[PDB]
Amino acid sequence: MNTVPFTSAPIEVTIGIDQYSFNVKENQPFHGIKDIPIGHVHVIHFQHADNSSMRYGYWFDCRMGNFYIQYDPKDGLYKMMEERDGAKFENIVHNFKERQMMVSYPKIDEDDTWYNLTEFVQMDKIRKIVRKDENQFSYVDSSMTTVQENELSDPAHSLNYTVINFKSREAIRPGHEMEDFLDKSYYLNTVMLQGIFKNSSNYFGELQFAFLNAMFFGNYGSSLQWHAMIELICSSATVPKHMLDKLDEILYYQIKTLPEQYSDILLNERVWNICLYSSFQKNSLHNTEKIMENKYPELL
Amino acid sequence: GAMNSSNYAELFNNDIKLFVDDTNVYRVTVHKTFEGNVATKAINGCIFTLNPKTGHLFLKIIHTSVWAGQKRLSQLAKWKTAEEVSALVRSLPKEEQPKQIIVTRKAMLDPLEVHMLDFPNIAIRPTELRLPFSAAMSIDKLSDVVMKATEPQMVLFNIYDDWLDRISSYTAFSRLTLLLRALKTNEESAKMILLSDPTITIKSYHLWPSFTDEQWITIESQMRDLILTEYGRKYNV
Ligand SMILES: O=C(Cn1cncn1)c1cccc(F)c1
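Those protein sequence lines, which keep their order, are chains A and B. Position 90, counted from 1, in the first sequence is what the working numbering calls 90; the numbers after and before it change by one each time, with no gaps. Position 208, counted from 1, in the second sequence is what the working numbering calls 508; the numbers after and before it change by one each time, with no gaps.
The set of hints was computed from the structure by calculation and includes no laboratory data. Possibly wrong hints are sitting among the right ones.
As the list claims (entries may be wrong) - Interface residues of chain A toward chain B, partial, derived using beta-carbon atoms under 7 angstroms:
no.	residue
1	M80
2	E170
3	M178
4	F181
We put the CB at the ideal spot given by N, CA and C, even for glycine.
Go ahead and model the full structure; you've got the sequences and the hints to work with.
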């Protein structure tokens, strides 16, 4: 179990850790979060009480270093930093753990939600989508645009998701125009899986990371990427059986976790109705179709 | 974006464009089988690709052999249309290639866009106009060449005959659509109008009769009467 200490909490803020969140008051004696499970990536995120604009946060893996949060009064936000001095970090953490000024990551023992949302998400891949190579952790916020969004303006602060475009030469083989547009299996299996992602775990990991950024930061381009990667599978006649089974589980847990009140903006009516009711894989996502029909029958 | 009544004069400017109509590509007769079921028999079709400024018509004849052994023919017809339009553009010299292609039915947009990915600078546009190009098969010489074809074939026409010697492209296109709208609303009456007077002939190298200017006004007036009427006969007014 690992710990992300906080130097202090000088501004009132809602702090998220993975799917949990809690309110900290201005200058409350809050010194961080303890008992964070090892073996998973995590996201610690923020929404200032004064400015609900800009949710922002940091993806990290405690196996990659000792990280802590301190407020920066010049840039006006809680920044993740790394403590290089291990002994110093141990002492600062133990003292705060003794004074009980930390919240405990509140995982219920039965609960596999976070694992199921992050099963294929790896910190090394996150760091390639979010390019800032001097830090081991990755900052995301509501307003960052994707590489594909910029092609349609600061390249350093972008989300470099894999570009997927159904009406592109990459997607459409000369002489197979109709075939490849109506059945995307070529594009899915040869171009993306074999060519770009190398395997379906890396594909699913980017899909999961895009959903999480859409849900935690309301990041619009992430939401586009999540739906694009779903649609590319649902619109492929030929998908490995294991990939369909795993996708159904992935989507099921995303749909389960989505706040009921955010469905109107984070779910694309067209993509979902196509995937569940029209596409090649309309009969292949049983768990996802059941939760969608019972939780958001309005969208459909 | 879309083509409508507001940007209608764009059609006659000096940017090469083409209208593409796919309504006569996949054509069928519906009939009963010996067992009393229903079946279709395809008949030859055509793509109607028209330069509205010049009158040049690229009539790609769609021979029924192209449907043999194929499924979902209405969907395939849109892709076959787009393949043939793309092949046409590629056959043209660069300075003759269109800068825009306007499709008369929105279902053609994605098929054409995909087939024209090699031409990112050619804008593919829909239109809000209800253009009557489906009536092209009421022009006898066009129907004749489609029905006689025994193989895929492209035939070139000037759908304006020699009118551009005397009138502008805007007027020529208005006359064309009036004639076609008439032929679409009541083909018999429209054809009666065009041919009642046997002293006005169709030149061997033309599609429509050799009317004088004054005769064209009389003709155009009768076609508008027909269209307004049939609109009464239809709505009882
Ligand atoms: O580096 C620091 C504190 N500091 C060092 N130089 C300037 N500020 C640190 C490390 C670990 C946990 C924590 F709360 C603070």
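Self-check item: chain B contact restraint for A:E170 - C-beta distance below 7 angstroms
Solution: Since chain B brings no Cβ nearer than about 10 angstroms to A:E170, farther than 7 angstroms, the hint is violated.
Practice problem: Go through the hint on A:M80 and say holds or violated, using the shortest Cβ distance to chain B against 7 angstroms. | Solution: 42 angstroms, violated
Quiz item: With a cut-off of 7 angstroms, does the beta carbon of A:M178 approach a beta carbon of chain B closely enough for the hint to hold?
Solution: 4 angstroms, holds
Self-check item: Restraint check, 7 angstroms cut-off on beta carbons, for A:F181 near chain B
Solution: Since chain B brings a Cβ to about 5 angstroms from A:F181, closer than 7 angstroms, the hint holds.
This entry does not satisfy hints 1 and 2, going by the numbered hints stated previously.
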